[PDB]
Amino acid sequence: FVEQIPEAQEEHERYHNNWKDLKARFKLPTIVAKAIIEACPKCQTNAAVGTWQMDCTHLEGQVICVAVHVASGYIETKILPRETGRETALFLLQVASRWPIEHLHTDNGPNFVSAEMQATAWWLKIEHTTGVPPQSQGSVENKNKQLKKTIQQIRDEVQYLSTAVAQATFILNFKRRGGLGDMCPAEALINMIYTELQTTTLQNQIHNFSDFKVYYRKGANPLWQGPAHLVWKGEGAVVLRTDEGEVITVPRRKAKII
Amino acid sequence: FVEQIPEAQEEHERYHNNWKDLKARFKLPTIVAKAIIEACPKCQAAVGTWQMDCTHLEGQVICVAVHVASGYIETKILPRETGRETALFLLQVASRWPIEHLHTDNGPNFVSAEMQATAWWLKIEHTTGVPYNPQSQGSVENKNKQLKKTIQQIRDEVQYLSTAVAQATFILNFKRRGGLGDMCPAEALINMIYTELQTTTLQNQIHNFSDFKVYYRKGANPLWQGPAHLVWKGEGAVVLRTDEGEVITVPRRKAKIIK
Amino acid sequence: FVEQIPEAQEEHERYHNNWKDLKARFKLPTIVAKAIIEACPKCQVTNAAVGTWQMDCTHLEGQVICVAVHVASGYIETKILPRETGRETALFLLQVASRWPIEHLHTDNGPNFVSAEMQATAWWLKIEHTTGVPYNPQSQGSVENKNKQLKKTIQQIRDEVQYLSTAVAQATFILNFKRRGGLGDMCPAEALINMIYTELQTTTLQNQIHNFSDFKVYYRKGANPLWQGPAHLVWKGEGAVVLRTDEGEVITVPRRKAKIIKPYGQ
Amino acid sequence: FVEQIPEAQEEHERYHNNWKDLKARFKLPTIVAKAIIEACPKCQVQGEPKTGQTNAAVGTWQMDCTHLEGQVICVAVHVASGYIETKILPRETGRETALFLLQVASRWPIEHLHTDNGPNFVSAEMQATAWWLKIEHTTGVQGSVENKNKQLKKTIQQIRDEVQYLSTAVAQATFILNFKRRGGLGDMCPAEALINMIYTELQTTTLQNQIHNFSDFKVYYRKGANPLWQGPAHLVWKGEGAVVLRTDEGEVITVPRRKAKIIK
Amino acid sequence: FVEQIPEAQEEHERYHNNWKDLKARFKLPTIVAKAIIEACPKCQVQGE
Amino acid sequence: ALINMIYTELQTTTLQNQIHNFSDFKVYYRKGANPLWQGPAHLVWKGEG
RNA sequence: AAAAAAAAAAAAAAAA
RNA sequence: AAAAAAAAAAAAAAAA
RNA sequence: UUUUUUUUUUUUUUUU
RNA sequence: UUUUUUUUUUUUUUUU
Ligand SMILES: [Zn+2]
Ligand SMILES: [Zn+2]
Ligand SMILES: [Zn+2]
Ligand SMILES: [Zn+2]
Ligand SMILES: [Zn+2]
Numbered sequence: 001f002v003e004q005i006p007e008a009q010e011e012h013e014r015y016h017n018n019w020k021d022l023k024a025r026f027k028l029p030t031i032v033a034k035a036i037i038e039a040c041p042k043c044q054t055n056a057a058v059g060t061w062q063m064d065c066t067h068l069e070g071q072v073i074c075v076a077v078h079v080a081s082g083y084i085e086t087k088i089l090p091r092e093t094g095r096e097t098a099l100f101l102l103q104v105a106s107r108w109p110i111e112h113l114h115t116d117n118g119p120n121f122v123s124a125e126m127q128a129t130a131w132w133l134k135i136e137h138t139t140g141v142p145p146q147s148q149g150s151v152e153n154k155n156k157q158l159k160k161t162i163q164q165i166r167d168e169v170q171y172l173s174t175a176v177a178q179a180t181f182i183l184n185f186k187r188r189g190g191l192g193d194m195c196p197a198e199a200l201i202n203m204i205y206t207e208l209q210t211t212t213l214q215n216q217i218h219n220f221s222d223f224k225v226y227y228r229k230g231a232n233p234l235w236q237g238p239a240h241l242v243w244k245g246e247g248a249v250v251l252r253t254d255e256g257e258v259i260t261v262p263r264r265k266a267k268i269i
Numbered sequence: 001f002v003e004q005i006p007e008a009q010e011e012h013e014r015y016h017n018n019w020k021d022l023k024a025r026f027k028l029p030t031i032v033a034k035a036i037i038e039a040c041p042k043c044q056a057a058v059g060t061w062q063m064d065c066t067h068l069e070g071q072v073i074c075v076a077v078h079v080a081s082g083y084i085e086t087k088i089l090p091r092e093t094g095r096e097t098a099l100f101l102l103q104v105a106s107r108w109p110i111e112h113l114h115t116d117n118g119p120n121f122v123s124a125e126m127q128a129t130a131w132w133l134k135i136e137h138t139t140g141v142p143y144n145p146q147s148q149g150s151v152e153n154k155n156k157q158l159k160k161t162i163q164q165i166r167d168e169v170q171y172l173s174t175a176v177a178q179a180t181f182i183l184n185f186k187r188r189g190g191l192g193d194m195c196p197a198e199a200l201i202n203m204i205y206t207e208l209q210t211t212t213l214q215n216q217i218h219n220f221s222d223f224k225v226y227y228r229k230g231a232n233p234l235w236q237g238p239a240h241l242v243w244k245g246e247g248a249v250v251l252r253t254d255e256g257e258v259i260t261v262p263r264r265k266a267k268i269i270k
Numbered sequence: 001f002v003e004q005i006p007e008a009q010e011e012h013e014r015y016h017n018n019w020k021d022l023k024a025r026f027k028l029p030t031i032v033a034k035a036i037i038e039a040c041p042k043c044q045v054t055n056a057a058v059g060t061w062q063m064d065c066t067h068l069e070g071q072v073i074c075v076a077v078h079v080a081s082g083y084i085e086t087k088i089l090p091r092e093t094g095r096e097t098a099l100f101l102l103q104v105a106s107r108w109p110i111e112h113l114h115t116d117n118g119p120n121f122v123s124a125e126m127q128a129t130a131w132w133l134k135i136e137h138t139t140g141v142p143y144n145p146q147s148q149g150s151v152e153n154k155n156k157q158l159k160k161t162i163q164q165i166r167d168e169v170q171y172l173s174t175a176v177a178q179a180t181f182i183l184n185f186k187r188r189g190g191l192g193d194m195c196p197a198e199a200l201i202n203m204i205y206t207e208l209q210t211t212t213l214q215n216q217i218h219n220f221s222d223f224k225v226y227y228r229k230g231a232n233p234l235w236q237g238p239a240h241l242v243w244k245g246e247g248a249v250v251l252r253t254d255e256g257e258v259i260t261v262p263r264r265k266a267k268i269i270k271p272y273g274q
Numbered sequence: 001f002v003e004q005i006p007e008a009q010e011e012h013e014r015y016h017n018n019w020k021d022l023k024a025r026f027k028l029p030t031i032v033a034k035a036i037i038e039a040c041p042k043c044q045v046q047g048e049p050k051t052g053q054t055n056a057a058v059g060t061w062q063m064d065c066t067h068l069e070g071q072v073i074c075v076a077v078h079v080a081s082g083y084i085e086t087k088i089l090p091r092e093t094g095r096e097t098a099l100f101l102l103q104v105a106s107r108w109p110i111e112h113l114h115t116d117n118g119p120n121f122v123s124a125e126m127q128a129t130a131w132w133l134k135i136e137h138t139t140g141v148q149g150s151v152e153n154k155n156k157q158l159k160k161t162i163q164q165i166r167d168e169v170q171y172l173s174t175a176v177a178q179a180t181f182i183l184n185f186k187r188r189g190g191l192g193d194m195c196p197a198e199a200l201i202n203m204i205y206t207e208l209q210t211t212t213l214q215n216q217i218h219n220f221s222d223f224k225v226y227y228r229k230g231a232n233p234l235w236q237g238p239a240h241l242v243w244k245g246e247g248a249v250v251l252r253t254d255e256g257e258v259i260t261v262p263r264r265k266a267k268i269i270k
Numbered sequence: 001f002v003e004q005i006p007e008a009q010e011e012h013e014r015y016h017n018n019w020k021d022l023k024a025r026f027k028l029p030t031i032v033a034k035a036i037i038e039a040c041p042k043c044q045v046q047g048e
Numbered sequence: 199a200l201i202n203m204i205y206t207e208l209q210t211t212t213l214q215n216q217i218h219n220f221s222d223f224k225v226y227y228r229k230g231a232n233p234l235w236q237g238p239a240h241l242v243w244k245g246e247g
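Those sequence lines, one after another, are chains A, D, C, B, b and H.
So the first sequence is residues 1 to 44, 54 to 142, 145 to 269, counted in the deposited numbering.
So the second sequence is residues 1 to 44, 56 to 270, counted in the deposited numbering.
So the third sequence is residues 1 to 45, 54 to 274, counted in the deposited numbering.
So the fourth sequence is residues 1 to 141, 148 to 270, counted in the deposited numbering.
Numbering-wise, the deposited numbering puts 15 at position 15 of the fifth sequence, and it's gapless, one number per residue.
Numbering-wise, the deposited numbering puts 208 at position 10 of the sixth sequence, and it's gapless, one number per residue.
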């Protein structure tokens, strides 16, 4: 793939592809594709993976707290013995310990603005905002209505309400598909989390070790060329960008790093 | 699928799946899935689902139709936001790819008589308002945002807006790869269409089973049992449903059909 | 099959199909299908590459109709050009290339097919624009037949449709989806989809191989509790996995003794 | 990295992090991170993990019930990665265990279980829940769940002073163990490891299902002692010592080179 | 002869007729007349 | 005829191997889709499959 | 000896 | 290259 | 006894 | 982890 790099660069300069297509059309590895993408002046946390909305509902005289991911359709439900701030804080702590979370959108209820919730948010380093935000609220209410309908559908076949709530949550999470790629809500969340983690790791790796200066020998030319910014340093080869924007790969034996 | 009919039914007893999910997982015909869901007292992403919406840019109206299950998009610059133009765009889209379901918001142009006439002519199940499917509620908005983002990268080296729109659509459809399979939208759409074509060719449809009565011999009981509705007539065996709500596949030698 | 006789007739009221399509859809015999076709007053009775397309222009009722025809299958696309100019033809070519893979365009030597706009558009998509008499007369004959059939269908449909564009779109829909073709008894759209899917088999295999070259697997061999690896993954099964170690050995490991990880690094 | 030392110290003082986590988070060298963790009254630098037991599957979980401060704590541990799910049961009864299993199975894919012969693990509620979720249940004769319980107890003791109630302490300990504690086999926390395993399983299944009816270089093979040739079958891998084949029926078979013929 | 199919069916359900007679009267082809007699619960295709 | 019958019986008995000694061992079985244990029922034949 | 096309014979499944 | 004998490795089923 | 789907055989013609 | 039945591989020896 040594000679494929100029072709990939010209292809991106023409069509503006993404790295997952460059790494599959020219068979070049992942980090080389990321470096090619990030060398483009136009292409170069999304705050959409860790946004959750919490609400409380009444059913049969009991209180059910539902936390819904804004993206996809993942939900988590718990029957609260008492509508108090301590139980809400405990449920938020459990949700945070189960899945990553960064933001939280709750209403102006007395329990959501209590001191315990603020203490939990401060301990967990969570930005919590209460009030009127957009159109995702409609989807949240739609999810709540769907949960209520599923609860009513199979209520008669069980004795306790907690078992019915758990069954409804399982049905809504793992047994209902639809959307892009035909993925249930329990797989879309995992897909977004994995893609975000991969992007963050690659960006950190590329942009951390970037202040180095590497002199390289290209081809049979014995003269030392450069200086060029170090992109990726490996066991056998290193990829770097020259001041002209060209990204190339040079073996360690032909590269000197300062 | 003799051994698949009972087990699939068991699924509907526990999680209460849908008939589409039954076809997707158990590769069963639509008629038997409909019989299964109908038999349950509680109960009373496809290859042909599209979502159409409009947007404004530089004083020009752009209409975008998006396939929810793959991400394929099609764009057209409408001279005016009228019912006739949108109906013509829908007719043009339906003449290239198979359309069996169209969903759109409650805008005035989507409610006009021209759209209804076109949908009736093309035999399309057109719905408006809140999407019945829980998911796919924001795919079109994300696609519109992506198109608006990519059009700016190309607008600089382009004279006319229509050329920029066409280039952006080409780039989005062919030059970008998705996740969980690593397929661009066009390849995924073509694969889904091919699979559906093979399945429908195998099915051959044309059932017209009506309300033919069936008498069946179950187990070792010699006496006739029933009468029961007819669900599927096959050369090797026949699938039937009883008035109680049980779906049973029996060999032809122990089935008598009365019209 | 008499019960299908009425309904099929109703279909011929809307879409003017041929006897082949009715026979293939409603399972009617050939003679009765031909009789149904004849009963309508307004009715009578190549091996190119996958990415081969042709373009043509026609004049009808003071309007310019641009037709792009697939050569191998017969799938067609039509547009109403406002004014016959190189810019409009280039825009139509760009629009067609944004839906289907185009690799070779055959046109005539007209004035609007040689303008700088057409050359720029063909260079942007990296396609070979050939102008002149086609090498195979069969392709030209098929294109002319497609144009004549489009004109006939437009004439048949125009009586029930007010505007010209709607009639052209309906004729295109009928030609692409309703009337069947020759070998295989498939519609032009179905044949095009099948050909494109068949052509796209090697690329998916190469992509799968390249992606599988990324996963790592840690395996346990024998009764030794210490884990081993990392090794390249060859195949993953429901019961056991097949791996290729760095030394070249091929090892089958039960599923309970194998753990597959795709690292975030590299 | 002089400016990162106070931030790392504050973060460790809030939740006690592993030395590997501090090394891989603030990019500090090993020596300074080890000095930071070592200079803590209730922290050690042991860093001696053990093997991943013997049954390591994606859909295999475990269960246990421990007693602490006169309360019953139910713990479920993912064997392959090390994920921990904890709950406080009002009573050590079968119904509570069934409810907890139903709650756990509603979040992550479960296809197996490994419990002991306790009275609550053989109740009719357990059988009904297992039948409803299509979960295979085994009982009888481990080390992983005991180690996780010991670590959870140690973390609870570490964080018990600050909090007032016990449920909050258990939740905080679970949060610390799941996320803010780096581990081996790729240097990732258990939650990230579990997500990675699930995603790679899904991707492998999808990619394998993408190609099922076409390949290159169909080959003929001889199976067992039967000298009759068989095939043709799709070629998956061609090697110097042996070849890996996939037949039309979906079976994968390894065949020595002397028993395979390649055609083009 | 498509318009004569309902009349032939009505005549057949009034009194049952042989397929040869139906073919001779309404000038239907053999296959369609055989189909008409075919769709009768109390008729056969012996023709002996 | 006697030799043929003896040979067939010898093959059948070699396949059987006898030596059952099943005694009154009790069995709990899961029949159909019912998850609850049913029985108890006497053991008749213990086979690998 | 292998491939393709046309005609003829028999058998199995299905409707009458 | 085929048959026979001895030793070694892995997997499936069964009892603990 | 008639008609559709599948399978197994015979004859003729065109190439290798 | 130990023991029986079956299957798949490696090494050595004796013949063809
Ligand atoms: Zn770019
Ligand atoms: Zn139901
Ligand atoms: Zn007609
Ligand atoms: Zn500490
Ligand atoms: Zn009659």
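Fair warning: there could be bad hints in the mix.
Footprint (simulated), chain B over chain A, 3 or more residues, beta carbon under 8 Å [stated by the list, open to error]:
#1 102-116
#2 172-182
#3 198-204
It is worth saying that the hints were derived from the structure and are not from the lab.
For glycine and all other residues, C-beta sits at the position ideal for the given N, C-alpha and C.
Item checked: Annotated coverage of the stretch 172-182 of chain A by chain B, confirmed only when three residues or more have a Cβ within 8 Å -> That given contact holds, which follows from 6 residues of the stretch 172-182 of chain A lying within Cβ reach (below 8 Å) of chain B.
Notebook entry, point to check: How does the coverage statement for the stretch 102-116 of chain A fare against chain B, requiring three or more residues with Cβ below 8 Å from a Cβ of that chain?
Noted result: As far as the stretch 102-116 of chain A goes, the hint holds, because 6 residues have Cβ atoms under 8 Å from chain B.
Next item on the list: Please count how many residues of the stretch 198-204 of chain A have a CB within 8 Å of a CB from chain B and say whether that reaches 3.
Entry: Coverage by chain B holds for the stretch 198-204 of chain A (4 residues, Cβ < 8 Å).
Of the numbered hints listed earlier, not one is contradicted by the structure.
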